[PDB]
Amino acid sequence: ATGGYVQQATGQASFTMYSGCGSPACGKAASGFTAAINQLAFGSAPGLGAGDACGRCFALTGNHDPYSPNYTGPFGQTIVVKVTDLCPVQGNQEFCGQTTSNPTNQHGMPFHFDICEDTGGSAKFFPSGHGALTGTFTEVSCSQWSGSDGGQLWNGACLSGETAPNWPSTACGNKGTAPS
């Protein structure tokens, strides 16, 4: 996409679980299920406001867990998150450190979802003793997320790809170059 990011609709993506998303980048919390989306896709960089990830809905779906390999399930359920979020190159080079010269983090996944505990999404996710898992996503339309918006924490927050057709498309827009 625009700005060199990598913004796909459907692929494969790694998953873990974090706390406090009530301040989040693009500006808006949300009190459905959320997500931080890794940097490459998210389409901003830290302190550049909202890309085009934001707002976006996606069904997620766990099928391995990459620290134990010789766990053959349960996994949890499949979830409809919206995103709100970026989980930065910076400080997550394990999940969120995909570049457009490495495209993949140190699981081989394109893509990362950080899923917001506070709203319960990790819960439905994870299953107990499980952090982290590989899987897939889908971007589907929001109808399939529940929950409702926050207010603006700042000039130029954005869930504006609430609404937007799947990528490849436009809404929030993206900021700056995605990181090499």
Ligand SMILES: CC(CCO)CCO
Contents of the next structure:
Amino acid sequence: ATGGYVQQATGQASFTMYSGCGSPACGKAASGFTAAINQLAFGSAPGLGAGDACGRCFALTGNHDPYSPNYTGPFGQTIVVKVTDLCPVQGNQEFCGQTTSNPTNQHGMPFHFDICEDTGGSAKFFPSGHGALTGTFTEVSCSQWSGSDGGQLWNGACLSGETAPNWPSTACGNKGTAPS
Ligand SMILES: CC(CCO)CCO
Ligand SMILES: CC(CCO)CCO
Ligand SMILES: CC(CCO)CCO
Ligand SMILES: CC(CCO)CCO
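Mind pulling up the form deposited with ligand 40S bound next to the form solved without ligand 40S we just looked at?
The complete assembly is shown below, putting the previous chain first.
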């Protein structure tokens, strides 16, 4: 996409969970299930505001635990998240370190979703004892996402991706150039 960001409507991803998504990088939280997405897909860098992932909705499905490769299941449910946040390359090499010259993380995945625990998404997705998974994502209409956006936390905050057609398309827009 513009800026060299790797923004595809469907693909393979790794998945983790995190806490404290009330002041996320897009500048609005949301009450439904939300995620951070790796920087190369988010479309911005720390401190540069919202990227084009902001507000878009994705159906996530886990089907493997890379840390327990003999575990056969069960896995969790497929969930629909809204991207509100950035999982930056900095400090997240294992999962979110994808770049334009090296587009897969340490688990071989070209995307990562860090699912926020606070609002319930991770409890639907991760079986107890299995907090890192790999699987798939597909961008869907936000008609498929329950929830309400929070208010702007700063000028320039954006979740406009929530009404956009699936990638390829532009809503909030990408900021600068993707990490090389
Ligand atoms: C759970 C929400 C309550 C306000 O709608 C806040 C999550 O950001
Ligand atoms: C995390 C669970 C799904 C939520 O109902 C895994 C099912 O065992
Ligand atoms: C809140 C659910 C929709 C109920 O109709 C979706 C999340 O599980
Ligand atoms: C200077 C930045 C632009 C943010 O809109 C990043 C340059 O790559």
